[PDB]
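> The lines below spell out each chain.
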Amino acid sequence: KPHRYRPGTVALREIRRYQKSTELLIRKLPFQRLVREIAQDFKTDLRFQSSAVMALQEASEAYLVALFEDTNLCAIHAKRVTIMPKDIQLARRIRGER
Amino acid sequence: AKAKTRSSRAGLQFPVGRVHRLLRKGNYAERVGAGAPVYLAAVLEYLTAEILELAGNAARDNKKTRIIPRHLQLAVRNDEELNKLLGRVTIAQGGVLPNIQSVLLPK
Amino acid sequence: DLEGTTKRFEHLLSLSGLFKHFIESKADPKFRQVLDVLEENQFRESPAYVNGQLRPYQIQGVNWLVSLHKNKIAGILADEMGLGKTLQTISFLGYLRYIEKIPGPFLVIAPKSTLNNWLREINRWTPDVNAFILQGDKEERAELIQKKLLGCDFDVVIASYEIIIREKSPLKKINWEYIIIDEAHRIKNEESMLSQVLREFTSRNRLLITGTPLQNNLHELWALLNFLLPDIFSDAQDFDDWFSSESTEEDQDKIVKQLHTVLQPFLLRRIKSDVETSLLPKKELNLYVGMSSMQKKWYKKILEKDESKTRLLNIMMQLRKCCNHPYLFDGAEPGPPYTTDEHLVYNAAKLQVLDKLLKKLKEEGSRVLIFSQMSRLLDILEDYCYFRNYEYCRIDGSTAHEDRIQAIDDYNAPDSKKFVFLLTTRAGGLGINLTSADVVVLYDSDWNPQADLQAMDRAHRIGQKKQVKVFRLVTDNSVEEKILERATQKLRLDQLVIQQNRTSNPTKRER
Amino acid sequence: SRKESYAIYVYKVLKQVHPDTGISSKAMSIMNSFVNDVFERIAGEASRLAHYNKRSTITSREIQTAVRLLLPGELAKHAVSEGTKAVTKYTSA
Amino acid sequence: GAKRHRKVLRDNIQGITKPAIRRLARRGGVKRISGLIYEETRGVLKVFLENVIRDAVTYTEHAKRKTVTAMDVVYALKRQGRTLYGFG
Ligand SMILES: Nc1ncnc2c1ncn2[C@@H]1O[C@H](COP(=O)(O)OP(=O)(O)O)[C@@H](O)[C@H]1O
Ligand code: BEF
Ligand SMILES: [Mg+2]
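Here the protein sequences come in this chain order: K, Q, V, R and L. Take any residue in the first sequence, count from 1 to its spot, add 36: that is its number in the entry's author numbering. Take any residue in the second sequence, count from 1 to its spot, add 11: that is its number in the entry's author numbering. Residue numbers for the third sequence, in the entry's author numbering: 101 to 127, 130 to 143, 184 to 448, 460 to 657, 765 to 771. Take any residue in the fourth sequence, count from 1 to its spot, add 28: that is its number in the entry's author numbering. Take any residue in the fifth sequence, count from 1 to its spot, add 13: that is its number in the entry's author numbering.
So that you can see chain K by itself, here it is in the shape it has in the complex:
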């Protein structure tokens, strides 16, 4: 029979891995074109610095990261272990961000 792990043991292992890791988790090429997409609705035809292009992601992640752990707090208080968007929106509302 196949040796499948109990579901979640893998995830806790994963949770450990990244919490020691420090690198980005978002692919650069998809990432910057997103910004290059966005710039058009403000001013046409800008020219981005990679340092700036890089600098975006950290805020991009660090922001979303702090979001996650708060959202994780939600289901726990809501006595869950699986996150719902209602948690996510809730924090942002608690963050007063709507």
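Just to be clear, a hint being listed does not mean it is correct.
What the hints assert, rightly or not - Straight-line Cα separation of at most 30 Å, DSSO-like style, residue types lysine-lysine; simulated pairs: (1) R:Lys31 x L:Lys77; (2) K:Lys79 x V:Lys474; (3) L:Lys79 x K:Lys79; (4) Q:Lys13 x R:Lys113; (5) R:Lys113 x R:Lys82; (6) L:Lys16 x V:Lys571.
Just so you know, these hints were derived from the structure itself, not from any lab.
With chain K's structure known, arrange chains Q, V, R and L with the ligands on it following the hints.
Structure of chains Q, V, R and L with the ligands alone, referenced to chain K:
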């Protein structure tokens, strides 16, 4: 006489002449006291060492010889005083304190 | 080393006193110690270990090559493309294998499209040499590494541009005999990473090879030249201001003779026109066609920035794509079913002449090759090839390794009905032979004329039994006109010296 | 172009605390980043207080109080000493 | 034929992939994830982005440039009270 740096005169390491210029162009006031560039400049040394000493401590705990932002991230965020101080500071490449919720631990 | 360095100068100093001047123009290690003491004080029979006949100039190149070996001096086999220079090398490797009886470690480099040919020709002519096509995956390259490459169970190894960079570390530990470099065009840049991986290996000789000489600049010339004999020059701008760029200020054009005089006994050029080996030249026509009226809307929409709300970060390319093909701009094809009909040839400027010429060459039996810059544009041609129901094979950048071989074989198969042949420019034509074809057409022009020359001679080599009829496509009243003029500009700044070298809102609140 | 920064002084203080520990460059940039911030936050805070009492010249009285305002708890307590010690040392010297 | 138009479906915002999203969530410490999160995240991240980007671009023209600088965006971050160290 003989030229003697103010930082030496205070027995400090930080360049006070730099800041007294910087305060002078910093447009914080049209006049500036003399010990103020001094007064701050030493406290400047205090916090850097305070963080640097912490930066040294964590640097040892993985048995490295050179300090990195992850160490810096760990140190300040492991310090409740610094973390309270730098709560609106996000650290480049610093990563996160490893912390798993109690309820995510398996029965 | 130094004995060879003394022994190199035995042949280097026998030329003009210019080498002493360069040694004394350094602004100096102990090369002077061995220079001062000197200052004050075959096989022309086409050897039959090959299986065939060597051409007369081929033997001369080999004999010239064996002289460089006996001189222990370096050089560049710069003979014009398609003159059987591969046979010259295969004979030369036999020269070392049999006359001197040293079958050893050898390293040769080919573009991805061409690794088949060199292994194919080495088997055909000198089957006694152990060579591999070092291809495959990370694991699939490993069993080559430890089993045969680490086992020293080979003579030559055939790899690609990037593989050696992927395999620099397992290759340093093996000292080589030559680093055979075909189509040595990536080395034009010193900072091209392939250059820094090749100055690290340790081979007794370093035989650089090309199809075309330097492309643009004297800086480029000694970029090829500096890796030839590095301990001799060891200088970058010293070489440059020594010659002062063909007298860019005085235009004496006589100091160029000094450039020619050093390189003539140091390097070898032969041209196809002199020793034909094919006895038939090639034709060329530049099919100036008007830029399509249908796309004139979008071409104005690019010039006047009228379709809208996108990038123009490189107006070069944007006009270049419109100069190339209209449907490339993501909306020129409005059909949700994306109809495939005569509208494509209708809306396109070129394809109307292409449809005419394809009909003519179909009846004439001309086996045509098509070159282009945009792989995406080739998709449309692939679609339009489906429309006309022609057999063909599409080679593009990074298709496969075995697919390249099989598509080449089917196209070059005897009596191959594959009437057309889709191919790129910078991935396709860098050494392959297509003598089954006669006519080669460019859809678009490239900012590199020698590459344009490199590509065109694909079918016009040894083995071409028909007249090569070139039909370049240039758009009338277009920016492509300036590129070709600039292409000529880079052409004539280079051809003039090469010919001398051989011879000698408000109030609207939402609330 | 010339660019002036704080690396050398930070490098000196490190060898005061850890005379053997090395350092990266990016983290040094962080330190340069950090120092300028706290440099800024104190000064404008220092400025506006002089505004609050309508004075025109910034001295240590100004500097110290905001340090008490800016640094929390023990750092403010300890650093004021760090400030206090140097000032008297300077006036004496 | 008819293959020159067979892939026109980029539509960037999914470029932030589910594997990354979970990889992101895994670093954050979430053990199990709803599937609608991925899309909802795409909204939260984007709406975040321009507000700075607007502010980030908002600088640029005022200094009469055409190339966004990190320092520029560095100031962009400060204004909403999330400061970063490490790009000068
Ligand atoms: N002396 C010769 N005898 C027989 N065939 C030759 C000879 N010289 C060239 N050829 C043929 O001409 C073609 C030219 O290919 P190659 O030698 O690779 O030229 P290049 O190296 O310039 O591409 C080869 O396929 C080869 O079979
Ligand atoms: F003339 Be060789 F094929 F580059
Ligand atoms: Mg040849």
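> It remains to establish, for every hint, whether it holds in the given structure.
Now the hints, each set against the structure:
Restraint check for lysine 31 of chain R and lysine 77 of chain L: the C-alpha separation of about 23 Å stays at or below 30 Å, so the hint holds. A distance of roughly 24 Å separates the Cα atoms of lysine 79 of chain K and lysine 474 of chain V; the hinted pair therefore holds under the 30 Å criterion. Taking the CA atoms of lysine 79 of chain L and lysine 79 of chain K, the gap is near 10 Å; set against the 30 Å cutoff, the hint holds. Between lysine 13 of chain Q and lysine 113 of chain R the alpha-carbon distance is near 24 Å, which keeps this suggested pair within the 30 Å criterion.
Of the pairs offered as hints, the one joining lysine 113 of chain R and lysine 82 of chain R holds, with about 28 Å between alpha carbons and a cut-off of 30 Å not exceeded. For the given pair, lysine 16 of chain L sits about 20 Å from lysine 571 of chain V by alpha-carbon distance, which is consistent with the 30 Å threshold.
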